[PDB]
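Before we start, here is the structure in question, set down as structure tokens.
Left out: one protein chain. Kept in place: all the others.
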Amino acid sequence: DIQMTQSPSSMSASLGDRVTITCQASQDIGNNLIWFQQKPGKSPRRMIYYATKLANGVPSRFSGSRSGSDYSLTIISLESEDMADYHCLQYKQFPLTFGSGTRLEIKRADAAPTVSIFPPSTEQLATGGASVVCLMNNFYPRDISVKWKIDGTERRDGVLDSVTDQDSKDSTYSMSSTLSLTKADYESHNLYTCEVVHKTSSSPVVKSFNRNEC
Amino acid sequence: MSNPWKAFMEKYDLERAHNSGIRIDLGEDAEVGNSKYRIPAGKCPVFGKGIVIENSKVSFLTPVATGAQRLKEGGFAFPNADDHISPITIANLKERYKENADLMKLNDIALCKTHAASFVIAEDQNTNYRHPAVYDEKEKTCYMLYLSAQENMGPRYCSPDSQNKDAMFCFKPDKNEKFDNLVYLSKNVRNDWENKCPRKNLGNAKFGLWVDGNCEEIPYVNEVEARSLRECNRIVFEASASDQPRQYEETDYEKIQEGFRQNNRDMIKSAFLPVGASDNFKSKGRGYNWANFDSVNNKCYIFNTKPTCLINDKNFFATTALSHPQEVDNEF
Partner (left out) sequence: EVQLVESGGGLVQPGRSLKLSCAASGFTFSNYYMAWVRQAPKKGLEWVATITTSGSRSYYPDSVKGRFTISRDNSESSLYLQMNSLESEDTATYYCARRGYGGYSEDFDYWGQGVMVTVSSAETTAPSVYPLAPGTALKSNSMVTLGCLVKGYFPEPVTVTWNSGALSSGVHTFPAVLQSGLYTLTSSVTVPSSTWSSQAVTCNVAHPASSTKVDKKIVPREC
């Protein structure tokens, strides 16, 4: 029952820039605070122990800071291996509680999507279910809007989209929208358009296909 | 009806003020590993007290003899690992707990003990085990004890003129020149000891019992020869409340040594400690803890009944086993 309030939710930072995550507990923790770096799909790694003591292997750009209830971690000369989630932990009082986590996304030179359209497979149409995919690749920043227009008309239903986690190497994102409908609903229309709206375009990127020509 | 001393004489009812053994402080009971032992549980600091390792040229303050090191090649102290742990300077101690108001208030000795007490795992903190700390006044360096034991001696272990040559780890608690500026703290040491505990030897004064309006005298005493203020203190320290009895043993020695070589934290933590099976060994502070010294005719007067007042006597010195070997106060 020691409320850990790790803020913000996530943050964007450029290279060499400094980033400060501020974890704050309701009651008194001494210097019993741990910063943990967790990288996509991997075990977390200890960064800062006893609130300020930098642990083995952890580079000098990492550092912790106490001031009453508040505690913070700073990465000063930002690298491409700072693209991770950062977690706090109090090991002063039972039960051991962690903060929400903070997603560290790294700012890069903006990039336009590589929009692609995909008509349902003949395999799918044997099932009587027809899914249209529209994946947009290697783009920056993360704010993008995908839109299904069937014969130039709106489609807010039966659409599942899933953004990738920022690429480790080239720092881009990739999104994957899917308009899963019926063979029936599919056959009853000709134009299937997927309109992409990104910071990079001004005028939307729209890749599309027509049903009649396969 | 009534006593116009009492409030001042509070710091001399040691069975309350300290409530533990003095020469041997083993007042608490704590689980260390599967086994349960007995740990220093004394509310007062013991000034000038220390541990001497017989047939050794090594101090008890030197880090523990872990690994390849022969047991007697080391001391009792917690390993050097992070000089911001043991031993730690008052500067670093102040630095370490900088952001706590409640504790930045505490004195050097109490802060030192509070630092030793900090080493627990949050969930297990309910466990009443902590490492005892010893504070050096001249160094202003606080040391952590890995060993809570105080007297491995007697039968199997330490029999006079040893066959085990020097190899045997023989130890006893002593008060002397080396330890003159030292002070043995428990987990329990009160943070307000410069109010509840006896520090200096009361100069040009003597212990007596307050009876029917007049500061009377000591009904029973044991008269022994004392050459100095130190000699008296030293005598009444050996005579004072002591938990582990004279020549006490129950664990093996090579198995205790193995734990040291095999760097086992719990084997070391528990080495040469009596069980919590048993409680009758706890003196609870009752003992021959108080003395008076006739310096003008070299005589030590010890007793097992707490003092309740002082006599204006200029040729005398009132002392307790916790009280400092050298430090004195002729105030009255």
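Every chain is named by a letter (A and B) in the order it is written, and numbering of its residues begins at 1.
As a convention for this text, contacts are C-beta pairs under 8 Å (C-beta built on N, C-alpha and C of every residue); 3 or more make two chains touch, one makes a residue touch a chain.
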Next item on the list: Decide which residue listed in A:180, A:182, A:200 or A:201 touches the omitted chain of the complex.
Entry: A:180
Checklist line | Among A:26, A:27, A:127 or A:168, the residue in touch with the chain that has been omitted | finding: A:127
Checklist line | Where the missing chain touches chain A, by residue | finding: 34, 36, 42-46, 49-50, 53, 55, 87, 89, 91, 94-101, 114, 116-121, 123-124, 127, 129, 131, 133, 135, 137, 160-165, 174-176, 178, 180, 209-210, 213-214
Checklist line | Residue numbers in chain B that touch the chain omitted from display | finding: 31, 33-34, 78, 81-82, 85-86, 119-121, 123-124, 127, 131, 144, 262-266
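Methods note: only the chains that are shown with their structure count from here on.
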Next item on the list: Measure off the straight-line distance from the CA centroid of chain A to the CA centroid of chain B, and report it in whole Å.
Entry: 60
Margin query: Taking the touch rule as given, give the residues of chain A at its contact with chain B in the complex, in rising order.
Written below: 30-32, 66-68, 90-96
Next item on the list: Within their complex, state which residues of chain B touch chain A.
Entry: 96-97, 99-100, 118, 121-123, 125
